[PDB]
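**Q** Now for the letters of each chain:
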Amino acid sequence: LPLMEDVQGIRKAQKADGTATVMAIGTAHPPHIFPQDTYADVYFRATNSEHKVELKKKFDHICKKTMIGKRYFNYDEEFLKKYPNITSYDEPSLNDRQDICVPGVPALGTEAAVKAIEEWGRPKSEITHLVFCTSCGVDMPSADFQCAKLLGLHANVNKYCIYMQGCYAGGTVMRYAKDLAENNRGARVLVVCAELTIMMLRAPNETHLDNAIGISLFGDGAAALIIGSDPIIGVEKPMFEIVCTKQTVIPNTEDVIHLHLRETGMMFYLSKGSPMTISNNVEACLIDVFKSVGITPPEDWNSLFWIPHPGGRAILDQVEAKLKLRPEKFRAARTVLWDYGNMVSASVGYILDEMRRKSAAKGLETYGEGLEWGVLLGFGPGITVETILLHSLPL
Amino acid sequence: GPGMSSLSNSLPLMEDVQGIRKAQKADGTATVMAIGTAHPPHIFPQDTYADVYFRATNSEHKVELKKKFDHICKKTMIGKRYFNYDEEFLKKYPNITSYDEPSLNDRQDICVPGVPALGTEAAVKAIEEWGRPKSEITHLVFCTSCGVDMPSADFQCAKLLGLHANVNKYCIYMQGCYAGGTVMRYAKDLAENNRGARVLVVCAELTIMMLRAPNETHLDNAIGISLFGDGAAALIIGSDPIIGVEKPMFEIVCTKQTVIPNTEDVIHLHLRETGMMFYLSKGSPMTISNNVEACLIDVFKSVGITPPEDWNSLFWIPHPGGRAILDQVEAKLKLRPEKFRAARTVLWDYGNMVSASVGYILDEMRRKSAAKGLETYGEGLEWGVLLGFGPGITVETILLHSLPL
Ligand SMILES: CC(C)(COP(=O)(O)OP(=O)(O)OC[C@H]1O[C@@H](n2cnc3c(N)ncnc32)[C@H](O)[C@@H]1OP(=O)(O)O)[C@@H](O)C(=O)NCCC(=O)NCCS
Ligand SMILES: CC(C)(COP(=O)(O)OP(=O)(O)OC[C@H]1O[C@@H](n2cnc3c(N)ncnc32)[C@H](O)[C@@H]1OP(=O)(O)O)[C@@H](O)C(=O)NCCC(=O)NCCS
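Chains as they are written, first to last, in the authors' numbering: chain B, 11 to 405; chain A, 1 to 405.
Just so you know, these hints were derived from the structure itself, not from any lab.
Where is the CB? At the ideal position from N, CA and C, for every residue including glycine.
Some, not all, of what chain B presents toward chain A, calculated at C-beta under 7 Å:
hint : residue
1    : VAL17
2    : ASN168
3    : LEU190
4    : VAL253
5    : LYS256
6    : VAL303
7    : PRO391
Far from chain A, by Cβ distances over 10 Å, these chain B residues were calculated:
hint : residue
8    : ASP70
9    : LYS125
10   : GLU129
11   : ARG132
12   : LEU161
13   : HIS218
14   : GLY224
15   : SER281
16   : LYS282
17   : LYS372
18   : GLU375
Make the full structure from the sequences, and use the hints.
**A** Printed below as a string of structure tokens:
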């Protein structure tokens, strides 16, 4: 057994040299396409709420303003008929939602993970850490265990289960991955964000209009990333360096976004002022992430590339307006919101994927739209803001 | 010290990525520098537990099941446990004291605000021992298997403690009995990769989430209820200890999580409309013991250290999942009866507090070592291992190096 003076030598040999870097992104979504134009019809019919004409017209108007074109779900109308309790408002339904989400979320997550590992190109044996993230379903052994099992990873992979961290969770996984990759030499972190929104699905209510609004936004999906420090030249494809990661709680805003896991499943509560809380405090979070690493915040926010969580169209609009951004800055975010909706934690991974793919296709200078520095933002319950400062690398 | 204000650790003036990384990372090993513990006020002695539990759950009529449970309680080697409820509190909730009546909502109403509250009590004690301002805590790792909510238990704990708005929070939900090891694993990378970082680890459990009436066809559930107790353990972990201010005790050298193949059905816990349903197979002590040595060999070899020929050369903080788990791990590793003393003392005075148990044992070990005037906080020994065991089967192996007194 080594001496007291040898402990530091072990630490020096154990830690990685460089910055945690995104080197692969894979995405997945369930097969059932739900176009937004017909969502009011489908939702009200599936939930047997066709008698509520006044609420349907109001919900249809909200759907037309969401700027979501389609969403994907692990269910169709036929599947929902087998679960009348899920399609009701307050009937006991957690058991059924758990029965679907507990095995379904890691299954969907694994699909995205497979695509990320395939792009990465290295053996799955080289994955040392697994960060699994979901707000849909909880179990013991957890979703991380299930994902590692389905992928057939090594028995000693260090796993991290990020349960119920909502819409900011896509930022949280980057924060986790940063420390895991950077503090461990040779470590390759598989990040998986997967969501099956059937956990939040229920019938519409007049007094609880904000729940229906959440159901008009949320879609299913999974995003997976391979993150590691010290990229192997000629083997790995380094894209985004995770330079600084900070989580911020906006004070006195707990009552804004609330989600409770009850006997009726996940109950969603949203105040009408959520886009305002996020937009008015986002700049302070950005100034903080830059100053934490000694970089002077840019005079023009258009100088950075952006991966904001598409919590809703109003969140994107108000953040864009407050940061004085040109319409093309949130192009990747708006394309994802349109094509897939709000996939909770999986959304930012989809945007980062869209950004690097379009940058590589257009032949730009870097993976981050030709720009050097950028920010990945997660927004959710708290109100919590996850600010991830990224430095993109050349093609 | 971290040397946050020193020139050698200063941030680069230009936006140099590697320069930022060099300045941002810590130098040394993540070190435990404070341990605070808390428990709810209601004492439930084990010698009368069979009587209290069967009466509180309207099951005293099942005579043969009571005689079987009284035998299990005598073999647990638990003397007393603490709970946030007494018999009077349980009468307000006949659904929790039943076997399968809808009860999750009531359990959530108790556990969602109760777990962070209990955790905060332990955290206040850890912060007081540490002696530095609470605003200097940069990371919060909250851990619980009792209650889930959005915003999570970590948020609530941070709010109750009055931590900085920019504290990096980690919520370890439903990682069970291995979670006390998981928090050390999280804290290690968080403290070591961030200069000046001071990680507050909080493990808090309110087992009322698992409480229900005994059943003849589900005897393994009652066995878990005879083991589980409430409690909280909080630790302050950080790299590069400030000499003269901080008290460096245990260095977290290597942390690895291992899954034992083909053992998923051994320990299962499902969160249902009836709360947390506990399932346990008879083969848990044997399976853990038959695979523990491989986990220890892995943790040692991962840092280039040759595994010791005699496991008695190390100090031990094993999760007291049950007396049989402790007995079989002790036997397999050919350990002397006193190596697991600290673990057995905590099991006796507090029972199995899920994730909080190992924190309590680490506290018991360092306190008794200091009280006896020993060489180090780890029973006078230099190297040791903290072990977490739970659903999977998952083993958390935490290699520790204890510093001198
Ligand atoms: C839902 C959304 C797409 C509608 O777009 P919009 O441009 O604001 O539309 P409108 O202003 O015409 O408003 C639609 C109606 O909904 C109302 N509304 C919006 N959000 C609401 C909420 N959370 N609760 C109750 N009513 C709400 C308005 O009050 C309005 O009705 P009114 O005329 O009866 O007062 C937009 O508000 C949004 O993007 N919200 C973000 C929600 C969010 O925060 N998601 C993430 C948290 S997980
Ligand atoms: C419960 C415990 C303290 C009892 O000590 P013990 O020395 O094994 O006692 P005994 O052998 O006299 O056993 C009591 C009765 O329980 C039975 N039993 C033990 N574990 C059981 C289980 N998981 N399920 C069903 N029966 C079980 C025996 O089968 C025995 O009865 P039987 O002769 O009628 O078949 C011990 O088994 C233990 O420590 N188990 C570890 C529990 C654990 O795993 N905790 C962590 C999971 S989070």
